[PDB]
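Given the sequences, and given the hints that come with them, work out the whole structure.
There are 2 protein chains.
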Amino acid sequence: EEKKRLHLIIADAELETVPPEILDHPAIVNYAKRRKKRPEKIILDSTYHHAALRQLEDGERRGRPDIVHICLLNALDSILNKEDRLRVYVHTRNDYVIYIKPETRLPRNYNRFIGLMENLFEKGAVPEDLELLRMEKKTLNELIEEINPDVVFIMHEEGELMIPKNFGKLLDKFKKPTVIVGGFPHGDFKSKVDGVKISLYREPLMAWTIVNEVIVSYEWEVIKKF
Amino acid sequence: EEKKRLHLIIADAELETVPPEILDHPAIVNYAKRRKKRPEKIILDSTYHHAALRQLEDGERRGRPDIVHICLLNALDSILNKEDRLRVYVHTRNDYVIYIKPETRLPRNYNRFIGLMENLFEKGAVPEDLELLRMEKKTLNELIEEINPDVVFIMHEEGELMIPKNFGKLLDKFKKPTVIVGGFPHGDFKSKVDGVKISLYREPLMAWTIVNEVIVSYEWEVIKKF
Ligand SMILES: CSC[C@H]1O[C@@H](n2cnc3c(N)ncnc32)[C@H](O)[C@@H]1O
Ligand SMILES: CSC[C@H]1O[C@@H](n2cnc3c(N)ncnc32)[C@H](O)[C@@H]1O
Ligand SMILES: [Cl-]
Ligand SMILES: [Cl-]
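These protein sequence lines are chains A and A', in that order. A prime marks a further copy of an entry chain.
Numbering-wise (the authors' numbering), the first sequence opens with residue 2 and increments by one.
Numbering-wise (the authors' numbering), the second sequence opens with residue 2 and increments by one.
Same chains, same names: a pair is fine if it fits in one copy or spans any two.
Calculated pairs, BS3-like style, for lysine-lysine (alpha carbon to alpha carbon, straight line, at most 25 Å):
#1 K198 / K83
#2 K225 / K198
#3 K166 / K226
#4 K225 / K83
#5 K138 / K191
#6 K198 / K226
#7 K226 / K174
#8 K102 / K176
#9 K166 / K225
#10 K166 / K4
In short, the hints are calculated from the structure, not lab data.
What follows is the structure in structure tokens.
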């Protein structure tokens, strides 16, 4: 566990249960009944709940757990992941963190992933024994303190521009590099922490594209048989 | 349109409406009513319809349109895609092909993607004018004939092993390389066509991982500013 590994954090992620402010908003009471589930237990999904986000703070960019799903499928199925060179974390917009054991097999299917997140939020850890997924209250800085990396990079379209190849080379110079990607569809980080801002392209990309650029460029430096 | 572009085909994809053999299987009649939609119009989804696949031919690996969703999000949001160096196609297990205009913005959300596929299957082309998506009856060989590539690679765990970096270099030697990835969760291709079998790793990976390895390795050779 002192070999070189990438520590990847999907941060300020739009992954949360229905906000308390809107639990009795019409579109929420009817979704909830239709699914025969208590509205507070349900994961906010902007696709279904769009008419209830209008007056919510930051409503336009909330309830996007699809971003997390696709980022996690990309990361957990990576060659980098199978070679024991990745640790991945989710930090949510409400300052909770989800820890993920490397061997975790996320549902490929979005609605099963949703099901699984509802369980994780309810019980704090899934499954009961393994705690392959484990959630707790935590800020981004508190998480970074635990990881105790030797460098922190923050992926930002407006940071120092790098060729992805070259960013992979750069990450391979550290022992315990941490890379942070926003889990939100647009705008800026909410959680300002210390680190180097890196752009991989001079237009905005989606989080999972960035996850891929970083993971694949790092594989080719760090996996010795490559 | 005679610059170097990758032509990527997700093939024998498990993307189809409910099979005629099971349209009046219980789990299908009740799903269908619950959604107030005619069962033949609905996309087969093994997550919901698992009890109806038991006796279907190949039932175990059918109704996996999530694989296509995640492969297409990876491909269409790629840097390679934004640089006009990618054309992507879906070939389904029933010998239909979906053509995709580069500028297409797939729903990030799985259930909207499903919605969109139901429309595409019904009308043959979406939206009415743009035909950003367009479907028609076609075998894999018929599709390859149209593309008229100068080389065809078939991604196979048991093919000639290559370092992804090196496979990118290889693809960059051709004008119009075609790469084929299976859109099925396990097993072999159904559609045997002529081409070079390439493994990128000596264990089985998921289609979207392979899509990423290929697309990212090609970007770094073919985009000159990289
Ligand atoms: C708002 S898009 C989601 C996240 O993707 C990352 N991102 C988006 N575009 C780029 C880019 N061009 N370079 C680097 N990171 C990016 C950032 O970490 C952002 O929070
Ligand atoms: C059955 S997994 C889906 C598809 O992924 C591709 N694939 C899976 N594992 C590998 C691998 N190790 N190397 C190359 N292609 C692979 C093949 O094209 C397959 O049809
Ligand atoms: Cl090492
Ligand atoms: Cl060119």
